[PDB]
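Trainee: For reference, the chains in residue letters:
There are 6 protein chains.
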Amino acid sequence: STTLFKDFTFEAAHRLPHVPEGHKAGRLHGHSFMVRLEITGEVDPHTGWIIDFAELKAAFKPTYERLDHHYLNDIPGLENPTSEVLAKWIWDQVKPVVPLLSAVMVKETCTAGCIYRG
Amino acid sequence: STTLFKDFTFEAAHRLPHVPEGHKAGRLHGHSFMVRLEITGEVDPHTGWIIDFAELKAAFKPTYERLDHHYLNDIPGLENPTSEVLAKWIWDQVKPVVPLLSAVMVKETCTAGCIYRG
Amino acid sequence: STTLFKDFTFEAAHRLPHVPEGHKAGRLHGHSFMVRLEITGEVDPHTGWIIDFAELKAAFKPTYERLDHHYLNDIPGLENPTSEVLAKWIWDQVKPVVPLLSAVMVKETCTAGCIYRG
Amino acid sequence: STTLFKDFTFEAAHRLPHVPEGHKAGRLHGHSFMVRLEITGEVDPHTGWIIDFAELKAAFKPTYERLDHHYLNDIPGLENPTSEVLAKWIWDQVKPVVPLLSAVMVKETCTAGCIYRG
Amino acid sequence: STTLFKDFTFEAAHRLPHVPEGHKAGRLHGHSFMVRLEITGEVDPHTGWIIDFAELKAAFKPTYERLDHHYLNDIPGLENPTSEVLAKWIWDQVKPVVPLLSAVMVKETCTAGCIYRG
Amino acid sequence: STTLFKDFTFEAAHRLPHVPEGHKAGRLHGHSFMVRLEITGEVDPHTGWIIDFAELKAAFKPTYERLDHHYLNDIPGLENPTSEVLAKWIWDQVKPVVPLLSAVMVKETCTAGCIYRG
Ligand SMILES: C[C@@H](O)[C@@H](O)c1cnc2nc(N)[nH]c(=O)c2n1
Ligand SMILES: C[C@@H](O)[C@@H](O)c1cnc2nc(N)[nH]c(=O)c2n1
Ligand SMILES: C[C@@H](O)[C@@H](O)c1cnc2nc(N)[nH]c(=O)c2n1
Ligand SMILES: C[C@@H](O)[C@@H](O)c1cnc2nc(N)[nH]c(=O)c2n1
Ligand SMILES: C[C@@H](O)[C@@H](O)c1cnc2nc(N)[nH]c(=O)c2n1
Ligand SMILES: C[C@@H](O)[C@@H](O)c1cnc2nc(N)[nH]c(=O)c2n1
Ligand SMILES: [Zn+2]
Ligand SMILES: [Zn+2]
Ligand SMILES: [Zn+2]
Ligand SMILES: [Zn+2]
Ligand SMILES: [Zn+2]
Ligand SMILES: [Zn+2]
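One line per chain: the protein sequences are D, E, A, F, B and C, in this order. At the far end of the first sequence sits residue 119, using PDB author numbering, and the numbering has no gaps. At the far end of the second sequence sits residue 119, using PDB author numbering, and the numbering has no gaps. At the far end of the third sequence sits residue 119, using PDB author numbering, and the numbering has no gaps. At the far end of the fourth sequence sits residue 119, using PDB author numbering, and the numbering has no gaps. At the far end of the fifth sequence sits residue 119, using PDB author numbering, and the numbering has no gaps. At the far end of the sixth sequence sits residue 119, using PDB author numbering, and the numbering has no gaps.
In short, the hints are calculated from the structure, not lab data. It is possible that some hints are incorrect.
Given that identical chains are not distinguished, each listed pair holds provided it fits within a single copy or across any two copies.
[Stated by the list, open to error] Restricting the straight-line Cα-Cα distance to at most 27 Å, the calculated cross-link-like pairs of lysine-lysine (DSSO-like) are:
no., residue 1, residue 2
1, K96, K62
2, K62, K7
3, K25, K89
4, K58, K96
5, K89, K58
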């Protein structure tokens, strides 16, 4: 078994609407978000790879454009943009064009994140 | 499933008591230790998260104050303070208060660590 | 000569109001900003330090709290919140309470920043 | 169960022979490679570890010396030196001298790599 | 005084011609090179910046393309491609187009590097 | 002007003898300490360098061996081993064997350090 992964970062704004009154996350703020796409599958004997890294980047690119330098709450499905909802949403957007996807990781900060799978 | 993780670092001294005579780990020394706490669970449809990262941080804290800026060998159960032993010890202290705990990782140095699960 | 520094991270939203329209920075977005404060001065023979790292952390606190998990455009003096303007703005808030401040570095992203001095 | 891991970096050149003529990986180039060896086993009740980190390092050394500061295409088995092939290859060199080995990870760049377990 | 900086990484092979016979840098190998371009200048009142990060990026591009996924020794002026020689050579390419340039840093590996300032 | 730099890390214990009664630094503890040595001089036309990175690693080794996996307080001159004192102390050990030394930086934690320059 072989797993490949590629990391991306994007700069965005968000706010959490269902947190308690005066919770710091309920104010408009932002992060440099780290996402990791992980894919599992067979290695081709000839090319020596599961899929070209550049090909994983290209598949993620339209989702990436929509996230980077944007305000996440304005994206349908992200109206509650926690790390967990974000990772599921990314899975849902990318799984159909990367059928070998087996994990998506979202880090909001250098110290805290989330991993979504199947 | 969805996993959450939060990272902490604490600064401590320790010594390994059972290593051979010349061994550098037998001398009083210290490290910047890194701990990752991992938990696995259901995402609440309303809050959009498993628990607040800050809840996690708050639960580890009593344990954190005991490790940070201390000499590990003086803590009961850490009298042989390897990473393997520390990881299990941290699991035993934190699992009772975070039942969703699914792994603890401890890194002594930037290049070396271990993961205790179940 | 001896210089000390301490690093801080805060999560915030901002947008640049004087970019041509269509410029990515003109949209509401965010970053995990890193700030480095740098002081220069005489080491006390008794304490062995210039001042305590925690004293530096404490003098920065009221400024830190205005920036962390906030929208920077709403802070007066920050209506054009570029890295350059922000480093100056922080200098200006922090120099009165830390007279040995010799530099302020602001990093918007992991790959890009600014340093302000004197 | 408990898992131990150890990280190494080696500096190397390589080119991919089976990419289309345009492709940038077909040019002679290089990377600071990162490799992680992962072992899973029983923690000895006296030593308090699975095996010494230093032992894992000493076992990887001969493989390490072949990789470091070398051109990978000249190494038998690495004539198509992708991340995937490197992972499996390292697995193959290392599993016989470290039977606890449970994963090998190779990172070609900071944001991209691959995990192998047989 | 304000300084701004921007980091880039590129993947390249090289080798050193003037080291003694068994020296490891004399073998064909590679690295993930890191370069930091630094500029110093006045902050414009309207833009709030010295120049856009993206402008510094665009000026460096023709030079960056020559370096990434290439063999350094084949580039004229880089037949002895040490960090020191690389740093000066980048300065020499970029300085004429970016007169505000005040420093070029190169790092071959995570822990070693060089800074050229004219 | 050209400057070259090399980073090292060592694992050590210390405590601060001159902090008030309850100060956490006054307890026995430890750090992964990072040290950067910086040197400044002329690049030899033939070697393409100031000195070999490995040469600087060799000049620092006897001093490095005294710090790594050791209790700093028992080293003469380090009875009060703050970052400031340690950076001056390392300068003092390293200057006589590296006349081109222009800076020593010491970092105790990931986010706080000291730079001493003569
Ligand atoms: C910035 C941070 O306060 C906010 O983004 C936040 C706070 N707590 C959180 N907690 C969880 N579990 N998930 C999150 O995304 C999350 N997010
Ligand atoms: C500093 C380091 O030598 C010492 O803490 C050390 C050395 N070797 C080790 N080896 C293992 N397996 N686990 C450890 O915690 C460990 N720990
Ligand atoms: C998001 C980022 O592109 C935007 O914040 C941005 C773009 N270019 C920039 N350029 C400079 N010089 N300073 C900035 O703060 C800056 N900031
Ligand atoms: C340099 C880099 O472009 C080249 O080494 C490259 C490109 N795409 C890749 N894609 C995969 N899947 N694996 C690789 O090792 C890989 N390797
Ligand atoms: C990779 C490394 O072994 C080799 O490239 C190397 C070794 N020692 C060096 N020493 C100096 N000063 N500069 C270098 O670029 C340098 N470069
Ligand atoms: C571990 C940390 O609490 C302790 O070593 C500490 C605390 N505050 C400090 N403050 C200064 N200025 N220098 C130090 O070395 C220092 N060192
Ligand atoms: Zn947030
Ligand atoms: Zn140790
Ligand atoms: Zn921005
Ligand atoms: Zn490559
Ligand atoms: Zn090299
Ligand atoms: Zn300390």
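Trainee: Would you mind marking each hint as holding or not holding in the structure?
Mentor: Do the hints match the structure? See the list:
1. When the C-alpha separation of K96 and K62 is checked against a cutoff of 27 Å, the pair qualifies only within one copy, where the shortest distance is 13 Å, while the shortest distance between copies is 33 Å.
2. Taking the shortest Cα distances, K62 and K7 sit within 27 Å of each other both inside one copy (12 Å) and across copies (23 Å).
3. For the homomeric pair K25 and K89, the shortest alpha-carbon distances inside one copy (23 Å) and between copies (25 Å) are both at most 27 Å.
4. Proximity of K58 to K96 under the C-alpha cut-off of 27 Å is restricted to the intra-copy arrangement: shortest distance 13 Å within a copy versus 32 Å between copies.
5. In this assembly of identical chains, the alpha carbons of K89 and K58 lie at most 27 Å apart whether taken from the same copy (18 Å) or from different copies (23 Å).
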